[PDB]
Amino acid sequence: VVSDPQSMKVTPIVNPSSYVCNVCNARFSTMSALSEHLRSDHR
Amino acid sequence: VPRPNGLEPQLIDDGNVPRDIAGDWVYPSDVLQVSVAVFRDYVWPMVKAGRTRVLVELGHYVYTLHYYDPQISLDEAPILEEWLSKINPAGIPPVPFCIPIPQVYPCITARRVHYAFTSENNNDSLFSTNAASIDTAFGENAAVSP
Amino acid sequence: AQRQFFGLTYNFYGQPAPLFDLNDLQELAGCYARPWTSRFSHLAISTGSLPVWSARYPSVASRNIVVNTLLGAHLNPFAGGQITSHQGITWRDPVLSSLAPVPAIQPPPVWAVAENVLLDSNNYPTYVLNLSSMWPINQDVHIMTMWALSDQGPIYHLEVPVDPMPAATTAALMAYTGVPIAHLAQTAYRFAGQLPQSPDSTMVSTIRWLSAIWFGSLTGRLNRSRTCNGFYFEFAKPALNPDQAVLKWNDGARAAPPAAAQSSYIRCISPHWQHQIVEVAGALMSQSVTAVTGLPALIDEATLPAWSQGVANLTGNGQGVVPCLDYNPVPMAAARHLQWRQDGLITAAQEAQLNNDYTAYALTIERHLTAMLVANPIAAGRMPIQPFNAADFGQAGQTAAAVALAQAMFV
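If you're matching them up, the sequences are chains A, B and C in order.
Going by my numbering, the first residue of the first sequence is number 10, and it counts up by one from there.
Going by my numbering, the first residue of the second sequence is number 20, and it counts up by one from there.
Going by my numbering, the first residue of the third sequence is number 2, and it counts up by one from there.
So that you can see chain A by itself, here it is in the shape it has in the complex:
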């Protein structure tokens, strides 16, 4: 890796910040917590 000026920076195509319940929508901080909504609430 060579830190430099130009290097077409491209944002993640899917905001890693939050995690939406796809069945419902109750979002979560870490992917992990979203597994619980989908394993618990939606199962």
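Derived by calculation from the structure, the hints in this document are not laboratory data.
We put the CB at the ideal spot given by N, CA and C, even for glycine.
Treat the hints with care, as some may be off.
As the list claims (entries may be wrong) - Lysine-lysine pairs mimicking DSSO-like chemistry, simulated, CA-CA at most 30 Å apart: (1) A:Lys18 / B:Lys105; (2) B:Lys67 / B:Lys105; (3) A:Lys18 / B:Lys67; (4) C:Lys238 / C:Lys249.
Stated by the list, open to error - Part of the chain C face toward chain B, derived, beta carbon under 10 Å: (5) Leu26; (6) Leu29; (7) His43.
Claimed, not checked - A few chain B positions that, by computed beta-carbon distances, are all more than 12 Å from chain A: (8) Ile31; (9) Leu74; (10) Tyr82; (11) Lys105; (12) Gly110; (13) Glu139; (14) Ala150.
Following the hints, complete the assembly by docking chains B and C onto the known chain A.
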């Protein structure tokens, strides 16, 4: 409307017949106000992937500019994602457009990724492109209009 | 149980190779590229009334119509014994699960593209020697056969015995009450496609009794005031989602077991079945029965397409055949409303009312398919629409005879 076992989430189109996000959409602004929570979660991840050019159709908006430097690299995505996260069913922030600062020499430029760009020619107060410079080289020369 | 399904591959309509490309393999819902146990997969999770159809799949029967040519294009077994491969795509192993790219080191022989290849089933000895694992494949191939032996709507099969519903049937059926016909097709199919059942199993004679009990409702003979044995299907306004059926239970004046067996194959000539989830459901809901129990008899060669003429053990022409009474959605429902008025369910004013509200609905079905066939021709590559032509859509065959069959099926 979401679809089962790996199928694209259909975006209920105008005629009221869910269509699919990978295409060309026309977003009646008002809609985009009581809907962002969705927009940003299904069509947005799509536009970035570069597979769903969308036209947000809002009459006359206020418009914030942001001159960046063509030398260095930049990706106009977050100065947009943020703008989206500030749209209530109430009010939207002045549409922000990033614009490279016009250089004097013929500089090497870093491939930036942009998304927002208006259809109508709203560049009517540019006045001048490089007052003091003996000549703009990479920026858009805009000699003082006579 | 049962192991001897005689199939028939989809027609090419005059096209070079089978109507489907490479992308169809990695787009199927559910289990990756596994065409088996698919069909009602994109409908596993209901969001609303609106029929599930995207850009590539312009209709309801579009998902199935595609998995058909994709199915036949990879059916050398049962018709040759080998496994072959079409355009660099083959099955993983003898069990025949999902389709992966041709394995290196020992690649299978290239499939010889051919139209309408007769499937014998016994030709592939590995099938019977591994029945409990590759059982769904029997139900699916049977589907493709019923769909292939027709250029206008899947030919299923009604029946109804001479005597009343068994004592084990009436107790099993009282569990699918508040369940739309769209869902009954999903529960019926998913049933006979996962474990080898018997021809005389309780869930088989009940699901068959549920299909023929649905036809009478579709014709209007088995309405709210005339149940087969306490079961019928209440239809909502045609302008307010006519797809809703539901098997309601009542205690009114039942009909009566017919003097003889009314075994008869039915079809939907009008290309309307393509976008109607109710027609596709009624067809596949009956096919689930003829799966565990092969064709009760042969199909009539009377009409049908020019390619289904005299099949091996599917379509005959002698005396061992059963006539196929084909209908048309618009005239069928127009005669279905006429039944309701006869007994006094609807006013004589709602007679000519429901006709205009439905003919306008069926028009939307026609305006849609015609606009999709032009968008997606046939010589392009795939066949999500199936070239029906615009000269039809309202040339109703012997629909008037299908209605007379329902009156005879429930005297």
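Taking the hints in turn, this is what the structure says about them:
In summary, the hint linking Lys18 (chain A) to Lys105 (chain B) is supported, as the alpha carbons are separated by about 24 Å, within the 30 Å threshold. For the hint pairing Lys67 (chain B) with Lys105 (chain B), the CA-to-CA distance comes to about 19 Å; that is within 30 Å, so the pair holds. Among the hinted pairs, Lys18 (chain A) with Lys67 (chain B) is consistent with the structure: their alpha-carbon atoms are about 13 Å apart, no more than 30 Å. Taking the CA atoms of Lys238 (chain C) and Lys249 (chain C), the gap is about 16 Å. The hint holds against a cut of 30 Å.
Because the smallest distance between the Cβ of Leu26 (chain C) and any Cβ of chain B comes to about 13 Å, over 10 Å, the interface hint for this residue is violated. About 9 Å separates the beta-carbon of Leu29 (chain C) from the nearest beta-carbon of chain B, less than 10 Å, and the hint is met. A hinted interface residue such as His43 (chain C) counts as satisfied when its beta carbon comes closer than 10 Å to some beta carbon of chain B; here the least separation is about 6 Å, so the hint holds. The beta carbon of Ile31 (chain B) sits about 16 Å from the closest Cβ of chain A, which is more than 12 Å, so the claim that it is off the interface holds.
No beta-carbon of chain A is positioned within 12 Å of the beta-carbon of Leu74 (chain B); the least distance is around 21 Å. Every C-beta of chain A lies more than 12 Å from that of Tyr82 (chain B), the closest at about 22 Å, which supports listing it as non-interface. Every beta carbon of chain A lies more than 12 Å from that of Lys105 (chain B), the smallest distance being close to 15 Å; the non-interface claim holds. Its beta-carbon lying about 23 Å from the closest one in chain A, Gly110 (chain B) satisfies the requirement of being farther than 12 Å from that chain.
Listed as a non-interface residue, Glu139 (chain B) keeps its Cβ farther than 12 Å from every Cβ of chain A; the least gap is roughly 27 Å. No Cβ of chain A approaches the Cβ of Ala150 (chain B) within 12 Å, the least distance being about 26 Å, so the stated non-interface status holds.
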